[PDB]
Amino acid sequence: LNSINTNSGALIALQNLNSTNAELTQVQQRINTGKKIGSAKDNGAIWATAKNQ
Amino acid sequence: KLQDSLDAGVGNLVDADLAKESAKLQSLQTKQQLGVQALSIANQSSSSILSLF
Amino acid sequence: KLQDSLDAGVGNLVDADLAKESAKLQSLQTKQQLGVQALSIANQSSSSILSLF
Amino acid sequence: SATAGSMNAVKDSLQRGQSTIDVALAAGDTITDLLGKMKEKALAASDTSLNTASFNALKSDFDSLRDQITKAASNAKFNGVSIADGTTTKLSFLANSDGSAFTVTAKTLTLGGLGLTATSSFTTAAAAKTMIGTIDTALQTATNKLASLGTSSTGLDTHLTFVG
Amino acid sequence: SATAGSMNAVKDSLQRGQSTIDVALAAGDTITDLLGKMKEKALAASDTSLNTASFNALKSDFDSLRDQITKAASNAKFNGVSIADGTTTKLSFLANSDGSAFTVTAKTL
Amino acid sequence: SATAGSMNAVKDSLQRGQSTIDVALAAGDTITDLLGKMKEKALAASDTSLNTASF
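Chains as they are written, first to last, in PDB author numbering: chain D, 3 to 55; chain W, 220 to 272; chain L, 220 to 272; chain C, 56 to 219; chain R, 56 to 164; chain E, 56 to 110.
Hints should not be assumed to be uniformly reliable.
Here are the in silico distance ranges between beta carbons for each label pair [as the list claims (entries may be wrong)]:
1) C:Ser119 with L:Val229: 49 to 59 Å
2) L:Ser266 with R:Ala161: 47 to 57 Å
3) C:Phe133 with R:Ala161: 25 to 35 Å
4) C:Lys184 with E:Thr87: 30 to 40 Å
5) C:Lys184 with R:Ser129: 45 to 55 Å
6) E:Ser56 with C:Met62: 17 to 27 Å
7) D:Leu3 with C:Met62: 20 to 30 Å
8) E:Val78 with R:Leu90: 22 to 32 Å
9) L:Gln245 with D:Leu3: 18 to 28 Å
Hint data in this document are derived by calculation from the structure and do not stem from the laboratory.
All C-beta atoms in this analysis are idealised placements derived from N, C-alpha and C, irrespective of residue type, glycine included.
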């Protein structure tokens, strides 16, 4: 508490902001490609099945 | 007809529903601005004890 | 429809009401600056008896 | 504090592995499109109604895509190291400050990893009819390999967040 | 004055336990997301109408997520001790200057 | 202050009841459309001029 060498609250706030930025990156990909599974990283089984289909 | 059904199945498998992504984009940009403001409020904490000295 | 209802129930369970949080943040920042000033006034107390000697 | 400062190398290794899997996934997209066009050529060649000229043009396009898969698999590298060229059985990445590895099994995307060979082709309609199922199995195993690399990349991302 | 100055060790023990539980909670969040994806994969594989290839792919992703749970559970440690790794039944922490424990039962993940 | 903080659980149970009634209303809309189709089927079957196969 009352430290000047570290600030845990800024670390937690940065973690939350990073999670929000990751969610925005996901929504931006779903918007700009129009697919919720545009790559194998999204879901490999459904992606391989859609590729074979 | 079978090729049309297979294309419809691939679209059912991978296509995203953009109508939900729009509201998700609005909420997530608002959440990003709120998280940036909260992060700045976390950054401000160290200065308060300078007044005590 | 059941999926939308379950998501609405999760939001009812855990989501915060930010409009209360804004007024709470304002009043608590004011209370924090007032607490720092009161703590400094508490720090000052030792000095008064130096003039007695 | 030393153990806390040691985590940057772990995060760097996870990002390097994610980049390698990204390049491998791009090469895999190319190889799957080429395998689909090769199934197109083989299925067109299987019909007995064609004259010799159409069968020859189809086998020539098939050989061209078969060479393109070889080169596209050859170019799948990131800073001289690859998970899909088949040079190595696996790649290990840092998982913790103590040096524990995150194993990532390699999935070869060259013709030899797909069950095909560089000379592979067809010269008769029955040979094309067998090549139909050969390309079927090749495209199937290629999509399975690409799904495995995608799951490994998602695991790298989750472990990176945990290390942070 | 000695009893008052001995309280810092108790405070340090409580902060140590708080940090250990924080690391365990992060690993538990990862394990819960993995368990949810495995529920989705098993529930998708349960359908009879799938062909063999989709069932094999769902089995492969399920096995991969099962290994990821093992790794996420293994990595949950704070400076070599863990409340969720399962290597110990409980961790004790200082509660007062006389040495009373603040027991925290382990929750294996 | 304890009584004032006690109301959150009441609001939560109230919202839970609203969600349960919403799911019940969706099921009731489906059952109502099904009952209307069954009424049409029985009213069509009631006619005597119909042949055995359509019945």
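Hint by hint, here is what the structure shows:
no.: 1; hint: C:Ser119 with L:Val229: 49 to 59 Å; verdict: holds, 54 Å
no.: 2; hint: L:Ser266 with R:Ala161: 47 to 57 Å; verdict: holds, 53 Å
no.: 3; hint: C:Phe133 with R:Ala161: 25 to 35 Å; verdict: violated, 42 Å
no.: 4; hint: C:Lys184 with E:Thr87: 30 to 40 Å; verdict: violated, 56 Å
no.: 5; hint: C:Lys184 with R:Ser129: 45 to 55 Å; verdict: holds, 51 Å
no.: 6; hint: E:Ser56 with C:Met62: 17 to 27 Å; verdict: violated, 44 Å
no.: 7; hint: D:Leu3 with C:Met62: 20 to 30 Å; verdict: holds, 25 Å
no.: 8; hint: E:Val78 with R:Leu90: 22 to 32 Å; verdict: holds, 25 Å
no.: 9; hint: L:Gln245 with D:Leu3: 18 to 28 Å; verdict: holds, 23 Å
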